[PDB]
Amino acid sequence: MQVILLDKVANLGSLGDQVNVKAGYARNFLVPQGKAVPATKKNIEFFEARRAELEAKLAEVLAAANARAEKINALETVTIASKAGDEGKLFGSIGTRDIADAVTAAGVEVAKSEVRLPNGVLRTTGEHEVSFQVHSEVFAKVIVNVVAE
Amino acid sequence: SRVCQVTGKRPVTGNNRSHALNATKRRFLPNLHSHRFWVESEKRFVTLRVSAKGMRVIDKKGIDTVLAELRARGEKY
Amino acid sequence: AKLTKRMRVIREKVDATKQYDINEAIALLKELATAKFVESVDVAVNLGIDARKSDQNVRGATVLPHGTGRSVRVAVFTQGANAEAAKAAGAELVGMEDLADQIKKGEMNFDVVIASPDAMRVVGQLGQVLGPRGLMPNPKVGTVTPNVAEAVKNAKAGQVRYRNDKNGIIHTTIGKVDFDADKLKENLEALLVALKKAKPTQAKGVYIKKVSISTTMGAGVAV
RNA sequence: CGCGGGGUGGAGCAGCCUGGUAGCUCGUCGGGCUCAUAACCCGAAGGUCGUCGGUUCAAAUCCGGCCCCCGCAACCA
RNA sequence: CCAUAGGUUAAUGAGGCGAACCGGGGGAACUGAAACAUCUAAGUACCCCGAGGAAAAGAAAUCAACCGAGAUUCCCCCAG
RNA sequence: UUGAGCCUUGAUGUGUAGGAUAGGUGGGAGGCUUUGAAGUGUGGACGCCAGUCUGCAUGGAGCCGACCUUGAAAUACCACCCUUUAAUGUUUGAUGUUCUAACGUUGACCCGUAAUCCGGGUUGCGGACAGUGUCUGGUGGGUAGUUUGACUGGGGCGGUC
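Protein chains in written order, with the UniProt record's numbering: chain Z, 1 to 149; chain F, 2 to 78; chain H, 2 to 224.
Please keep in mind that the hints were generated in silico from the structure rather than gathered at the bench.
Some hints here could point you the wrong way.
With a cut-off of at most 30 Å between alpha-carbon atoms, the simulated DSBU-like pairs for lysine-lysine come out as follows [claimed, not checked]:
1. H:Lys198 x H:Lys211
2. F:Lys44 x F:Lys62
3. F:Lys61 x Z:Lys42
4. Z:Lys22 x F:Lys44
5. F:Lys10 x Z:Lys22
6. H:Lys186 x H:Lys37
7. Z:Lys41 x F:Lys62
8. H:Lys19 x Z:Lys42
9. F:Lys54 x Z:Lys41
10. H:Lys141 x H:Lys167
11. H:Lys19 x Z:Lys41
12. Z:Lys8 x F:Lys54
13. Z:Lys83 x Z:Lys112
14. H:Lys31 x H:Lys154
15. Z:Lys112 x F:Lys44
16. Z:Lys8 x H:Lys19
17. Z:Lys22 x F:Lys54
18. Z:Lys35 x F:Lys54
19. Z:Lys83 x F:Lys44
20. Z:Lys41 x F:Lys61
21. F:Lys77 x Z:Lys22
22. F:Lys61 x Z:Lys35
23. Z:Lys57 x H:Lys19
24. Z:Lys22 x F:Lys61
25. H:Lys141 x H:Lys88
Work out the full structure, taking the sequences as your base and the hints as a guide.
Next up, the structure:
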């Protein structure tokens, strides 16, 4: 499928250029997010004034700086521990629905945690690393509790 | 029978010619794989047998309409 | 800095990868020449086509509408009192069968040779030394005529010689950096037509595709 | 006959594909080491670089012809 | 679990026998070219699906040649 | 991590003798230059051992040629064009590794089922390849079809249109 680009999704592709993508992937990633669209060749002459010089005017203030010195300097153990017995086996991680859980409900939704692992998912017991959001693009790290008190 | 179940491919008779010209048979036959769909009107990964270039038509018709065409031709899947 | 004071100026002024319209850049080219000596504005065509095959060879001469600004020595082969009239009308030296010996010996100081048809017998065999130099008198351009006092004005009207080099290039002058940019553009137009009129008809690959205009100690731009 | 290579003193092979370029071993003629040879040491003689052209500042080398060798291909009615 | 695989109930149609013709999609062989290689044989046999006294087609995204025509079908012609 | 295709910018050209690092081609006694050149140290590298470069501190307008003499050919300074060579931007590769959405499983367990013939579920293991369907250039004495001139004290070599 030929599509016109709207977002920075290609290293040789630019706003208002035509690229060929498989339709199942275009309908999964590009079209519903307003990042590239079918046809649209008749509208591109306005994209520079309507989008390019609009996004670049926000990128003149957001953030106009490099690196943070708040909430981000530390490393310590957190109140989060892993559920496992004396065989040391986890039997597959339930991740975002168990890692911060305190009630283990069955009639209602268990709230999805916003934490991020450096390895994506947990697999084994012991002293693993986890992180949480401290700003719109910035995450702070901690290690899990193994004393289980 | 190898069926693509959306682009009309079926096992059918025909010629093969390039230059000679010899009576060599072709019998037009496609490639055959399977894909797993999700429709969220039932909690299953729905498996269907398929061939090349069918997903562009499963998008253009919608999966409901593609399974409705199989019933309209009496074709089991 | 490894680059000289004059050279650093033009490295900021042009870059070979960039797009330029020569309808504005031929006026900028007047400012890229940095030689203290007399500079030239030269057209370069990059080849090819084969550099050795004689069937694909391009070698000739042409008249430019504004010339090159270079004053030239022109030789005239004529007999009687018409020799002094041809001198005054444009010839810089007179030819005789004593000068034909210097021509057989390759010793020449002239950019054009003119002949009267009654005197052509002095040089009519000399194609094997005048021809590979672009100097041979030819009736198909009027450098052989009973009216040599007109042909000497056509010789000083501004002519150029061009031949392909083994490297895969051919260079030719289109004027001085003193010229108005529309005189340089009409000389560029004229030269590219003179090379087009010289097309080899059985050659494979590019002939006139890749063209640039450049300057003495300076830099150049693509057409 | 086509295409890419082979042919460089009597016998074998570098050099050619970058124009500044002729070499080496063995034969032959010197000798040397040995009573003496296959080998080993190192000088001298033999130059249409198969064979004929083309072009220049520069081809035995590049682009061709002619005769043989190595190896199988296409370019028509 | 929702479902699916499977199961139960009600209404509806077809199945085979063939005679000859016939529509829809595929389709030889032995010949002949005095071999044989594109071509012929041949859309004939033969196969799957389907049906009526006929079948089928049908209202120009077609012909025509400056004149104009204005669905399909069928016989004598067009034409060896 | 870069073998290759494309991009961009830096760097570069010394057999040897005779003074010299002449890349190639074409110009040229005046031309490079005062916000700039040398040189050898802490410490490195290239190699034809000839010399020379990156970095840095300096010292502070230079300097070459003619004559003499090398070579096809000059020796400042250069338009234009290669060679080699490291990075930059980018696509693509051989490999190592990581994720699992694709793929295999001639693994395991469950359900259909007091049926393991094979479909679905649960799940481990490997992982972007294989398998297949062909496009395409070969090979194929196996397969499928097929060709093989005449005159002749016997065809055989020989004569012959």
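Here is what the structure says about each hint:
| no. | hint | result |
| --- | --- | --- |
| 1 | H:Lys198 x H:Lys211 | holds (17 Å) |
| 2 | F:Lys44 x F:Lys62 | holds (22 Å) |
| 3 | F:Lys61 x Z:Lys42 | holds (22 Å) |
| 4 | Z:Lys22 x F:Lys44 | holds (27 Å) |
| 5 | F:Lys10 x Z:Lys22 | holds (21 Å) |
| 6 | H:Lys186 x H:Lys37 | holds (24 Å) |
| 7 | Z:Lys41 x F:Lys62 | holds (24 Å) |
| 8 | H:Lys19 x Z:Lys42 | holds (28 Å) |
| 9 | F:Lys54 x Z:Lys41 | holds (25 Å) |
| 10 | H:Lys141 x H:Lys167 | holds (29 Å) |
| 11 | H:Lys19 x Z:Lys41 | holds (27 Å) |
| 12 | Z:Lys8 x F:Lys54 | holds (28 Å) |
| 13 | Z:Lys83 x Z:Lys112 | holds (17 Å) |
| 14 | H:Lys31 x H:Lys154 | holds (28 Å) |
| 15 | Z:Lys112 x F:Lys44 | holds (21 Å) |
| 16 | Z:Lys8 x H:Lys19 | holds (25 Å) |
| 17 | Z:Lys22 x F:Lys54 | holds (10 Å) |
| 18 | Z:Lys35 x F:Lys54 | holds (24 Å) |
| 19 | Z:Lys83 x F:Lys44 | holds (28 Å) |
| 20 | Z:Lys41 x F:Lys61 | holds (20 Å) |
| 21 | F:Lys77 x Z:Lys22 | holds (28 Å) |
| 22 | F:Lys61 x Z:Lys35 | holds (20 Å) |
| 23 | Z:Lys57 x H:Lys19 | holds (27 Å) |
| 24 | Z:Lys22 x F:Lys61 | holds (13 Å) |
| 25 | H:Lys141 x H:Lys88 | holds (23 Å) |
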